[PDB]
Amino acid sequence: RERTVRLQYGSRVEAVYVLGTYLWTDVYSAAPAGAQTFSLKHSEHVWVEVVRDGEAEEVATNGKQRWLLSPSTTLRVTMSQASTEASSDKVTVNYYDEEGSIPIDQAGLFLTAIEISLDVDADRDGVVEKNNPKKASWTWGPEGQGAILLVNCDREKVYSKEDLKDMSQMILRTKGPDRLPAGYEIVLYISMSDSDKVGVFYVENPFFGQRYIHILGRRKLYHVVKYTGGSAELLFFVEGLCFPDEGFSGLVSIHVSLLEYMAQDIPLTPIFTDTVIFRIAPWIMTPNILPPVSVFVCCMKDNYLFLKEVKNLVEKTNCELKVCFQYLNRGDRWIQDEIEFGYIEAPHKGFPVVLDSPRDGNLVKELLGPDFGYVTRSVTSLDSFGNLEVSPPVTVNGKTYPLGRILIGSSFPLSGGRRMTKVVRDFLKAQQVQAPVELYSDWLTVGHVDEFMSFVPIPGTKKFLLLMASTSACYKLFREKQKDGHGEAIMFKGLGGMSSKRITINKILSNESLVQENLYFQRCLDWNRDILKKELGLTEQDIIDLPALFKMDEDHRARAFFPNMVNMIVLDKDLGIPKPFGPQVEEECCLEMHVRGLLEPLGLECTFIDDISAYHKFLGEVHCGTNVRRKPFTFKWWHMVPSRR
């Protein structure tokens, strides 16, 4: 970093020198007319080279050497240490005419050397290293570098060092004498565009106590920073205001400049500028294979079997159970549909962050606990978080997705069908590290991917399975039981509001239109199976089909005939599975027995959970919801190398 400083014809030049740079100095312009040669002297801590046509020669502090004056003969000036009060740092040039050895004039350069570095933790260990030479760039991957910012997820003032504890540190390190020379100041600044992406806090007046003031952000694009002599550090705390999105990459920049005062009405000159970049950490979703921490449940207060059975399930684990009831502004599934658990992470810190999309809007929301960051937002059913899932880590065609891939239900491109809102799809895409895939959920009345699919770990391995609803599996099973003489076996036993229908296996198998409707739904399921296999790199060995059955509405879309078992609580080996209420054979539900026969040999332990008995019947709607909060991946997101956007 070479900087231009010219000796002034007929005056001394005084300049601040910033360590890490060096000066090239024109001595030729300040030479009086008619002068021929020049010599120079300089102080102990200034290094001076004479550079003639690109060839550099170090010069002593007081020599008598002379050089011909010439536009192509210049000085190179460097200093390796900042000035103190004991410093007189200078270079003096004397000029000579053709005749005689006594100087006819002299021009000089008086220097004050200071160290200025805006430092961040670019090497991502949680401590702010000195002047990381890569701090002005942000690169992905294990060898990648540059500092990370967390969004402030907790929804002109004064803050202590406690309130800012979760933000990122940025330190302005300086070294120099008691004061900057006359006409200089130091200024921290950001662009107008970044002003809604970040905020920066600082103690403006530490003699009055440490009261952190917001100095950069909305409406404040610059802040003059007071210079302290000697070795000094100013500590700033930095927060992100928003996640990456359509139009925002996640990258922001903060600058510090030493500015020189020219004159009134003249802008100040940026003598030196140092830049750090941050990337705001993306919101990341947790798949079913990650260790469960807490199980969240919502239901009506009187659904007693559901609560007892969920509690019994969780007691088999080390998880905590959190019970929530219904609310005026929210659907009956809201803990599943309106709330999504995810996390954010920086080298120094991370925490869980909940996305909230209340049906009727927000009316206070925690009630979820202080441990969570919280982010709240013409909508269709496809906008629900029931329509959002994420796969376990996969590798596809040699490309690794170490954080898994987000799955979103949609309709065929030319179908004119429903689609999750663009703003939410754009958000998920912009987080980049989960590389989302759209599935086809629009053949379902409600239109949620969690109605037809889920993932479970295979106990005692690092592998997993895709679970798919299958109508073909159900028809096969019922046809077998009928052939076995079980055709009169009744479903919905114990649901009094279903009894008059007297639904048996025979009655189901003889309903011709229902058969055709379910062949079609199987085609819809299989279309998904194929996308999942392609985009997750799965084979048929990775998939288990659970029996399901649907009825068709007037839009030709599906709703559950009996509860969808695939939407289940996965806590490692233990699975809470919705109780299907299937046909009773030998006083056991043939659906429950079939599912156990598929899952148990893999060491998966099945517990059927009754969420419908309290309602006396089942019309395709479930009035309860569950959500599991999980430990984040061990893999650090910033070690991923995502495809070029």
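Positions refer to the first chain, counted from 1. Rigid core here is just the name for the largest C-alpha set that superposes within 1.5 Å across the two forms. What changes on going to the form deposited in another entry:
Measuring CA movement between the two forms with the rigid core aligned, the set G144, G126, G417, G537 has one residue at 2 Å or more: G417. With the core held fixed between the two forms, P244 has its Cα displaced by under 2 Å. For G386, the Cα coordinates differ by 2 angstroms or more between the two forms after the core has been superposed.
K161: CA moves 2 Å or more between the two forms after rigid-core fitting.
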Second form
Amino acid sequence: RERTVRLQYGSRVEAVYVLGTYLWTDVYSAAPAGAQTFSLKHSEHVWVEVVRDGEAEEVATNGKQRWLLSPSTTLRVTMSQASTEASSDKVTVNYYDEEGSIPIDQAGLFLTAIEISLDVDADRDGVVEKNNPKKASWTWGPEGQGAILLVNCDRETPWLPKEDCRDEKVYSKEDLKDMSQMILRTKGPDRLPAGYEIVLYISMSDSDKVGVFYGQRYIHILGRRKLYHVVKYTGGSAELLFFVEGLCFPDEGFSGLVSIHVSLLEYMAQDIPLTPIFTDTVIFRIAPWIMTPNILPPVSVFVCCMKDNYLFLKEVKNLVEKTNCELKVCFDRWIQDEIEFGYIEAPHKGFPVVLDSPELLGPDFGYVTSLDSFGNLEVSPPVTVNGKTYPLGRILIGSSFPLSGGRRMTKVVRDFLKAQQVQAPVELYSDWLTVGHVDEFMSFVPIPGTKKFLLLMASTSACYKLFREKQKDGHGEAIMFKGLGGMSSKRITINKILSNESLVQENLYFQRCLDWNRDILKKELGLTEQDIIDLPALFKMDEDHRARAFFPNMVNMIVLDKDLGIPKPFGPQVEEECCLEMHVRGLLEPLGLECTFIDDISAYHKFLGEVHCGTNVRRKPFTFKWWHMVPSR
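Output block for the form deposited in another entry, input the form deposited in one PDB entry:
No partners, no molecules, just the chain.
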């Protein structure tokens, strides 16, 4: 950075010189009228060149060479080390008239060199390097650089009703581990020369996105209602350590990028602005919320149910015991239908984070008309789609209107997840279902011993085929819902189901809804028919023309690596086994998937299309780092 510093007619000019800049210096303007030539002297730590018409010549400390005064003959002044208390950094210019060789006048430039650098961890290795050249930009990918900030959305103090970033306070030293370090490194004399100060500042727009903290306590200096802070200079070689927290995830109208600036200001006069003679900038990107697909290793299984749902608890406990997961119980289905589990990550730092569509908030566990909802989401395993790799998978958003226009719509979740960028979301149509959730009709499971995964789809046509076979085999009087005494009076048999013509038509329409979704999934996830297994399902149309489950949706399962917790369907009994259970085992068991049917409904004596329990699984994060992605521009 070349900076203009002119000498002043017959006078001395004092200036601070910031390392990594250099000066071009007018000597012509300060020359007395009549002067024809100049000479110069300079101290040892100042490099001076005479520059005529772009041609530079280095000049000695203590010569007596003279040059013609000309508008286009200037000086270039460079320093590489900071001034100390013992420094006499100066350039002095003598001016001569035609006749004599004694100087008629002198003009001086007295310099104090300082180093000033606002440093962040732009190379993403967890330590704050010195003046990364790329610290003022943010680039994606393995060769990308740019510092990363977490949203401080967990809670260090159960005293507080809110998450940590909701205030302008830091109570615990532990909190600083969620924050990113930013260091203002300076080198120079004991004091700044008279008339200078150093300020740190942010934009008003960024003031609800960041907080900056500096006895030995925690002072809030920038953020909500604080855009400008005067810094106290320490002389010699000094480091001022700041902690930065993110307050806000990327969203519609917020890219995730925030900036912090330092400037060295020069006082001119009262009533006149200070002159910003040097500025340095750092950029942070706020880490996105990332959802965890079913192929990632399970750590904890969270379950909600009523206290006397004993079979459910027993069978879930049992399922989880076949794994190394822990079970957490809360005493209908909010843990699944209100809430999604994901995580955030920065270099050597990260924690699980819950998104709520209006608890678990503590240390290292954070919290956060629409046609979509945070409780109506699924996420694929990593996929490659027509050459493009999606290493964190893609999110599926269940929507009442997954099209691009034709009506007024608010899609708050689509907007939020699109802003996260890294799981490039895809909308699906879920509002043909009474309950309205994508997890009632699709799931993903690993193929054990691979590598690969399957999409599981609910299928009415698979159910009809199965029931028609059983009827043909002589089992038409097989009874459904055995052991649900509240259903017994309906005496629902295969024959009764298959005779109901209206039900056939309803389920043909629902199969159209499933297949429309299937086609989007195959295109947007890069799947073939070889990647899909259809599980038998059956619905009844409600008065709003939506699909109510006729029996429990088996696709809405708990996936714990090779172990599957599948809702018990209470299907027609053939040879004293559920034909639906036997059918599903026949589909999944050959792949090495282990099926456990979990009875969530017996405690209620009947099934009316709703289940009254929920589950969610906290999983280990991807090993792939989000910042190594290159998202679409």
